[PDB]
Amino acid sequence: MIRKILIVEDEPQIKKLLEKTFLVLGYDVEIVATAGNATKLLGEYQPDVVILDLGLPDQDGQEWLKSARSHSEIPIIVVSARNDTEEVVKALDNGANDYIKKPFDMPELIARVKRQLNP
Amino acid sequence: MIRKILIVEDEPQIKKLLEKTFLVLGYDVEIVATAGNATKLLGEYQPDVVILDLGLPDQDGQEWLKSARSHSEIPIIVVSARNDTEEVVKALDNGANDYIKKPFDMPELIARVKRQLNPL
Ligand code: BEF
Ligand code: BEF
Ligand SMILES: [Mg+2]
Ligand SMILES: [Mg+2]
Numbered sequence: 001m002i003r004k005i006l007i008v009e010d011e012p013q014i015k016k017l018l019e020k021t022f023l024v025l026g027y028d029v030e031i032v033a034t035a036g037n038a039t040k041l042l043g044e045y046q047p048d049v050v051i052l053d054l055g056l057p058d059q060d061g062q063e064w065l066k067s068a069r070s071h072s073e074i075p076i077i078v079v080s081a082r083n084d085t086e087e088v089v090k091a092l093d094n095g096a097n098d099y100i101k102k103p104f105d106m107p108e109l110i111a112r113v114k115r116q117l118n119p
Numbered sequence: 001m002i003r004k005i006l007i008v009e010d011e012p013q014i015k016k017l018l019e020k021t022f023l024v025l026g027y028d029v030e031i032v033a034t035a036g037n038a039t040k041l042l043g044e045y046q047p048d049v050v051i052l053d054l055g056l057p058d059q060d061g062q063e064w065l066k067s068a069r070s071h072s073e074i075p076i077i078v079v080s081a082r083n084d085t086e087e088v089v090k091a092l093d094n095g096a097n098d099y100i101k102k103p104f105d106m107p108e109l110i111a112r113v114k115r116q117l118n119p120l
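Top to bottom, those sequences are chains B and A. In this text, residue positions in the first sequence follow PDB author numbering: the first is 1, and each later residue adds one. In this text, residue positions in the second sequence follow PDB author numbering: the first is 1, and each later residue adds one.
Treat the hints as calculated values from the structure; they're not laboratory data. One or more hints might be untrue.
[Unchecked claim] DSS-like, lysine-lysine: derived pairs with alpha carbons at most 30 Å apart:
#  : chain 1 : residue 1 : chain 2 : residue 2
1  : A       : 20        : B       : 101
2  : A       : 90        : B       : 20
3  : A       : 20        : B       : 114
4  : A       : 15        : B       : 15
5  : B       : 102       : A       : 20
6  : B       : 15        : A       : 90
7  : B       : 16        : A       : 16
8  : A       : 90        : B       : 16
9  : A       : 102       : B       : 15
10 : A       : 20        : B       : 4
11 : B       : 102       : A       : 114
12 : A       : 4         : B       : 16
13 : A       : 4         : B       : 4
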């Protein structure tokens with residue numbers, strides 16, 4: 001019933017806000033600040049949806065997206081300050097389920113997470 | 001970019017509702033059920049606005065308001081079931097930035113929080 005969410009974000013304020021919001025909404029939440037931790041927790045946590053930052057410190061979020069898609073089909077919503085149309089198109093084409101540009105409106109993020117968690 | 005808010009409320013239902021509301025609105029939110037926790041988090045959390053209940057268990061919210069104002073200028077919106085005009089005037093004069101009587105419409109509360117956090 002409770003849906004697990006994996007957040008891959010390196011910006012602390014946004015980590016805090018997303019964690020808090022999705023906890024209050026009744027979701028189990030895990031957060032990581034790096035792509036490697038994101039892979040390890042994709043394996044161990046077995047999440048139901050991934051929220052992915054593209055400006056990650058250790059790896060380009062696009063390449064981690066491409067890999068995770070090679071190994072999984074879990075819904076991934078990209079949330080990145082990268083607002084160039086080419087970044088959005090590459091992310092969707094690399095298999096992403098959605099793209100949200102930062103800064104965003106928390107209600108819209110929640111609505112899209114709900115859309116992905118209820119196929 | 002991220003705006004912090006501190007809620008000081010002791011009724012669980014209202015805590016839950018305000019927390020949910022202002023998290024879904026994209027605010028960082030902290031909650032306390034006592035005046036002492038409110039002071040500790042006023043110092044540590046450094047919020048951008050405080051929503052303050054006056055019917056607190058450990059201290060009269062009015063006195064906590066007076067003190068917090070003695071040491072700070074952060075916006076404080078009072079939200080209390082005390083509906084007599086005398087309480088509202090005492091709270092405003094003791095430094096409160098706004099007063100909302102319970103029961104209230106969450107839209108009015110949100111509009112006033114936005115007015116305090118983005119004073120144009
Ligand atoms: F750091 Be990513 F661009 F959100
Ligand atoms: F408990 Be508060 F006075 F509404
Ligand atoms: Mg970043
Ligand atoms: Mg009370």
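Going through the hints against the structure:
1. A:20 with B:101: The given pair, whose Cα atoms are some 23 Å apart, holds under the 30 Å limit.
2. A:90 with B:20: 35 Å, violated
3. A:20 with B:114: Holds, at roughly 16 Å.
4. A:15 with B:15: Holds. Residue 15 of chain A to residue 15 of chain B sits at ~22 Å (cutoff 30 Å).
5. B:102 with A:20: 21 Å, holds
6. B:15 with A:90: It is violated: about 40 Å lies between the C-alpha atoms, which goes past 30 Å.
7. B:16 with A:16: At roughly 18 Å apart (the allowed maximum being 30 Å), residue 16 of chain A and residue 16 of chain B satisfy the hint.
8. A:90 with B:16: 36 Å, violated
9. A:102 with B:15: 33 Å, violated
10. A:20 with B:4: Holds. Residue 20 of chain A to residue 4 of chain B sits at ~18 Å (cutoff 30 Å).
11. B:102 with A:114: 21 Å, holds
12. A:4 with B:16: 11 Å, holds
13. A:4 with B:4: OK: residue 4 of chain A and residue 4 of chain B at ~26 Å, within 30 Å.
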